[PDB]
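If you want the building blocks of each chain, they are given just below.
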Amino acid sequence: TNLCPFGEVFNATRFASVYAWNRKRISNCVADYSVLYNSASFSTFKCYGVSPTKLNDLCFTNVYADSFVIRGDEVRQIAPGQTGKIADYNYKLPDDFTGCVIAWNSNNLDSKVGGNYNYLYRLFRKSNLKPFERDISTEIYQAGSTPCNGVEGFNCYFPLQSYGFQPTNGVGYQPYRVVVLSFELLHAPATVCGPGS
Amino acid sequence: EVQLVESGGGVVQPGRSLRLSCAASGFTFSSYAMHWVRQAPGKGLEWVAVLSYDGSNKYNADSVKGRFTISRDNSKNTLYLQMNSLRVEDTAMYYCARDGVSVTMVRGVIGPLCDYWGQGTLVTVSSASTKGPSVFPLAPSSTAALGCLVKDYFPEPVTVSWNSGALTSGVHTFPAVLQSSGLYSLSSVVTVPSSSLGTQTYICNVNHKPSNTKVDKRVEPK
Amino acid sequence: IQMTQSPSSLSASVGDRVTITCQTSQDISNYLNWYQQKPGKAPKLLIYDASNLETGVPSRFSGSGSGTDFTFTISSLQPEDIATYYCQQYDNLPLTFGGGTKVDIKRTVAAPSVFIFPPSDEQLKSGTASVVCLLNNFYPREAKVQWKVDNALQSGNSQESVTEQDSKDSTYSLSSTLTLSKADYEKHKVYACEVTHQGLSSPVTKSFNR
Ligand SMILES: *[C@@H]1O[C@H](CO)[C@@H](O[C@@H]2O[C@H](CO)[C@@H](O)[C@H](O)[C@H]2NC(C)=O)[C@H](O)[C@H]1NC(C)=O
Numbered sequence: 333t334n335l336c337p338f339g340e341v342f343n344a345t346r347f348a349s350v351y352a353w354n355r356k357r358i359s360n361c362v363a364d365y366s367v368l369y370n371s372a373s374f375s376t377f378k379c380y381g382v383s384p385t386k387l388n389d390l391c392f393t394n395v396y397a398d399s400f401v402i403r404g405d406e407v408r409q410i411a412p413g414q415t416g417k418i419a420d421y422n423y424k425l426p427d428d429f430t431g432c433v434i435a436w437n438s439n440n441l442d443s444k445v446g447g448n449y450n451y452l453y454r455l456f457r458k459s460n461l462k463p464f465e466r467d468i469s470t471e472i473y474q475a476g477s478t479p480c481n482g483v484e485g486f487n488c489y490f491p492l493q494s495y496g497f498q499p500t501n502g503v504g505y506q507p508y509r510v511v512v513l514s515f516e517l518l519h520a521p522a523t524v525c526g527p528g529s
Numbered sequence: 001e002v003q004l005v006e007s008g009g010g011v012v013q014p015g016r017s018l019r020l021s022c023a024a025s026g027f028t029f030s031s032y033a034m035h036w037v038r039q040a041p042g043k044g045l046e047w048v049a050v051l052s053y054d055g056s057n058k059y060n061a062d063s064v065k066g067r068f069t070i071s072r073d074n075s076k077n078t079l080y081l082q083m084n085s086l087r088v089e090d091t092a093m094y095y096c097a098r099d100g101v102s103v104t105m106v107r108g109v110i111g112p113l114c115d116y117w118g119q120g121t122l123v124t125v126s127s128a129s130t131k132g133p134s135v136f137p138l139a140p141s142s149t150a151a152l153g154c155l156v157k158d159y160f161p162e163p164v165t166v167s168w169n170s171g172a173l174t175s176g177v178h179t180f181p182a183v184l185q186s187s188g189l190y191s192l193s194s195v196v197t198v199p200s201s202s203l204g205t206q207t208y209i210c211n212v213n214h215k216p217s218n219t220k221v222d223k224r225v226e227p228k
Numbered sequence: 002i003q004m005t006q007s008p009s010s011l012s013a014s015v016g017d018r019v020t021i022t023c024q025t026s027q028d029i030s031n032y033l034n035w036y037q038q039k040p041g042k043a044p045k046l047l048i049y050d051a052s053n054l055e056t057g058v059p060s061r062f063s064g065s066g067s068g069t070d071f072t073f074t075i076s077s078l079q080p081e082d083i084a085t086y087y088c089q090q091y092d093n094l095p096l097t098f099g100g101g102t103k104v105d106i107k108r109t110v111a112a113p114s115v116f117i118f119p120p121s122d123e124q125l126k127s128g129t130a131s132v133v134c135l136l137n138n139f140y141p142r143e144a145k146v147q148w149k150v151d152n153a154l155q156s157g158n159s160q161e162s163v164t165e166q167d168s169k170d171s172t173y174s175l176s177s178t179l180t181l182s183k184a185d186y187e188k189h190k191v192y193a194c195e196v197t198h199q200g201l202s203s204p205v206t207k208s209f210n211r
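Chains as they are written, first to last, in the entry's author numbering: chain A, 333 to 529; chain H, 1 to 142, 149 to 228; chain L, 2 to 211.
Take the hints with a grain of salt, since some may be wrong.
[To be verified] Derived EDC-like pairs (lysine to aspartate or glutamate); straight-line CA-CA distance at most 20 Å:
| id | chain 1 | residue 1 | chain 2 | residue 2 |
| --- | --- | --- | --- | --- |
| 1 | L | 126 | H | 158 |
| 2 | L | 39 | H | 46 |
| 3 | L | 45 | H | 1 |
| 4 | L | 45 | H | 226 |
| 5 | L | 39 | H | 226 |
| 6 | A | 458 | L | 92 |
| 7 | A | 458 | L | 70 |
| 8 | H | 228 | L | 122 |
| 9 | H | 223 | L | 122 |
| 10 | H | 58 | A | 484 |
| 11 | H | 131 | L | 123 |
| 12 | H | 43 | L | 28 |
| 13 | L | 45 | H | 162 |
| 14 | L | 183 | H | 1 |
| 15 | L | 42 | H | 162 |
| 16 | L | 145 | L | 122 |
| 17 | A | 458 | L | 28 |
| 18 | L | 42 | H | 46 |
| 19 | H | 223 | L | 123 |
| 20 | L | 169 | L | 82 |
| 21 | H | 43 | L | 151 |
| 22 | L | 42 | H | 222 |
| 23 | H | 220 | L | 70 |
| 24 | L | 103 | H | 46 |
| 25 | L | 39 | L | 70 |
| 26 | L | 126 | H | 226 |
| 27 | L | 183 | L | 151 |
| 28 | L | 42 | H | 158 |
| 29 | L | 39 | H | 162 |
| 30 | H | 228 | L | 187 |
| 31 | H | 58 | L | 81 |
| 32 | H | 228 | L | 123 |
| 33 | H | 43 | L | 122 |
| 34 | A | 386 | A | 516 |
Rather than coming from a laboratory, the hints here were simulated on the basis of the structure.
Pulled out of the complex, with its shape left as it was, chain A reads as follows:
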């Protein structure tokens, strides 16, 4: 009977950054996905791998909710098989991804006049991320062929650039809160089911 705490996922007052995206494992509950698509609040809603109609009828073993924040223009990279600063160093979606990605604009809650620079994003890395690989390393990356002994210099930068979220910015540079639902189906009895299955 106990439903899945999706309210503890979208409505959360504090979201984490994308380089340190948060994950809340969802299991042993009842899915009510009708709440999701019966709403005009979500800007980008794209279900990958699942049916556009069997949403409330499916039954998966476990469900993973990956929630983070990126700006208006970096949501196109939250998709299977994409190339981008977020889709290479922050959040890598596999090509066989099976789940629904949810995104909406939050330019009034995560932004403020004068500046709200609490959110960060990984700008540099010597290798593209693997799927589901969370990277929170804090070592000074080296860009050029000149070694770096940690000094913040010409080609040695702190690998986390802050997000400048002000209300008077372009549409592409506004905070968009993203929730990625990953449907895990293993060789085991399901735990997250719908109401009409």
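Following the hints, position chains H and L with the ligand against chain A.
Using the frame of chain A, we list chains H and L with the ligand on its own:
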């Protein structure tokens, strides 16, 4: 809206000093970074240097490290580019542009970079004195052609208008060519019918601000 | 420091689909930018970091950002679209630009009209003789001019400036300026400029006497 108006460029012999200005307007200036990028006549763009949001991060390019220093006055919403030891090559039109994506520069990524809004053609002219043009007629003989000859002037910024500029149809203003004497040469032509070669009078108004010379020259047939 | 490549010298009729590919140099560049620079005006940022165009552009442009190779697609070509297109990288601070791509809309071929101009008598007082030859409202720009003084080619005495393509009729225009002195102008008698264009069968020779 927002305009990065510039003024301060002129003509100066090699080896002297001349600073530029980049007056901001509209958007918050103490929040965005600022670039400087020049384009030589006929060539392409070329980066010069940059400044953070007043975070003491210059990172100038090569061939100017030590010769150019970037200065900004965020309380005045203005931007400067002090130039010293003039390499005569440095003759180009300089553009200042905003930035919000840089890494150790401006705090937080806001908006794109290099929204140009540039102006202020800065010529690093040689010891030769700034010379005014000598306008000559390009009279016709018998659509009929009619032009004026702008010869032996320096520097480049010359303009031309045919008889109070209300005649702007069929007019072709050509770019200038560099003669062997280090002086420019320009020709502006207008094609008018033969039924108006005796009825309407045609005059070319050549204007040259650096030399401060304006000549209204007639064009009568041979 | 990179040396970004780009194929320039394009030509496409009104309402077409063209593409420019800026492949980067060493240390693969992420999120290039695309600008346009019409003659006599400062550049303008068309597209954001490898995609996601700004507000104000007519939405006829696009691009894709994938590591070392980039593309710049223009759909539905416009008569008021002839400019020079650059591509700029920003991952190492010494920002480098592309080579620029001159665009000229393909229009019905246009034969040139050529007019000659003698040096003014006022200029002869300065001891110089500048003869001018005009080429007006023609297309394409691949035309040649050869000054024939007494039916003798004069090499190294003429400079020709070609105007940017017109906006209304989309036609070029150039003007060659033959330069002599009063001495070598008083010994010859006939001055002409032969013309050869893609829309001409036989050469056109406009001449005059003194
Ligand atoms: C947080 O969760 C609540 C509950 O799912 C969402 O509130 C729903 O909003 C839709 C659309 O307005 C209504 O049709 C539902 O009836 C609401 N449910 C409840 C229990 O109030 C809310 O929109 C979510 N907000 C975010 C930020 O995701």
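Each hint, compared with the structure:
1. L:126 with H:158: 15 Å, holds
2. L:39 with H:46: 17 Å, holds
3. L:45 with H:1: 15 Å, holds
4. L:45 with H:226: Distance ~43 Å between residue 45 of chain L and residue 226 of chain H Cα, so the pair is violated.
5. L:39 with H:226: 35 Å, violated
6. A:458 with L:92: With Cα atoms ~13 Å apart, residue 458 of chain A and residue 92 of chain L stay inside 20 Å; holds.
7. A:458 with L:70: 19 Å, holds
8. H:228 with L:122: Holds. Residue 228 of chain H to residue 122 of chain L sits at ~10 Å (cutoff 20 Å).
9. H:223 with L:122: Satisfied, since the Cα-Cα distance of roughly 14 Å is no more than 20 Å.
10. H:58 with A:484: 14 Å, holds
11. H:131 with L:123: Judged against 20 Å, a Cα distance of about 18 Å means the pair holds.
12. H:43 with L:28: Answer violated: residue 43 of chain H to residue 28 of chain L is near 26 Å, above 20 Å.
13. L:45 with H:162: 24 Å, violated
14. L:183 with H:1: Distance ~56 Å between residue 183 of chain L and residue 1 of chain H Cα, so the pair is violated.
15. L:42 with H:162: Roughly 16 Å separates the two Cα atoms, so the pair holds.
16. L:145 with L:122: 28 Å, violated
17. A:458 with L:28: 11 Å, holds
18. L:42 with H:46: 16 Å, holds
19. H:223 with L:123: The hint holds at about 12 Å.
20. L:169 with L:82: 12 Å, holds
21. H:43 with L:151: Answer violated: residue 43 of chain H to residue 151 of chain L is near 37 Å, above 20 Å.
22. L:42 with H:222: 27 Å, violated
23. H:220 with L:70: With a Cα-Cα distance of about 51 Å, the restraint between residue 220 of chain H and residue 70 of chain L is violated, given a limit of 20 Å.
24. L:103 with H:46: 18 Å, holds
25. L:39 with L:70: 25 Å, violated
26. L:126 with H:226: 18 Å, holds
27. L:183 with L:151: Status holds; Cα separation ~16 Å.
28. L:42 with H:158: Violated. Residue 42 of chain L to residue 158 of chain H sits at ~25 Å, over the 20 Å cutoff.
29. L:39 with H:162: Measuring from Cα to Cα gives roughly 19 Å; hence the hint holds.
30. H:228 with L:187: 18 Å, holds
31. H:58 with L:81: Violated. Residue 58 of chain H to residue 81 of chain L sits at ~39 Å, over the 20 Å cutoff.
32. H:228 with L:123: Given pair residue 228 of chain H, residue 123 of chain L holds - Cα atoms ~13 Å apart, limit 20 Å.
33. H:43 with L:122: Distance of about 37 Å is beyond 20 Å: violated.
34. A:386 with A:516: 16 Å, holds
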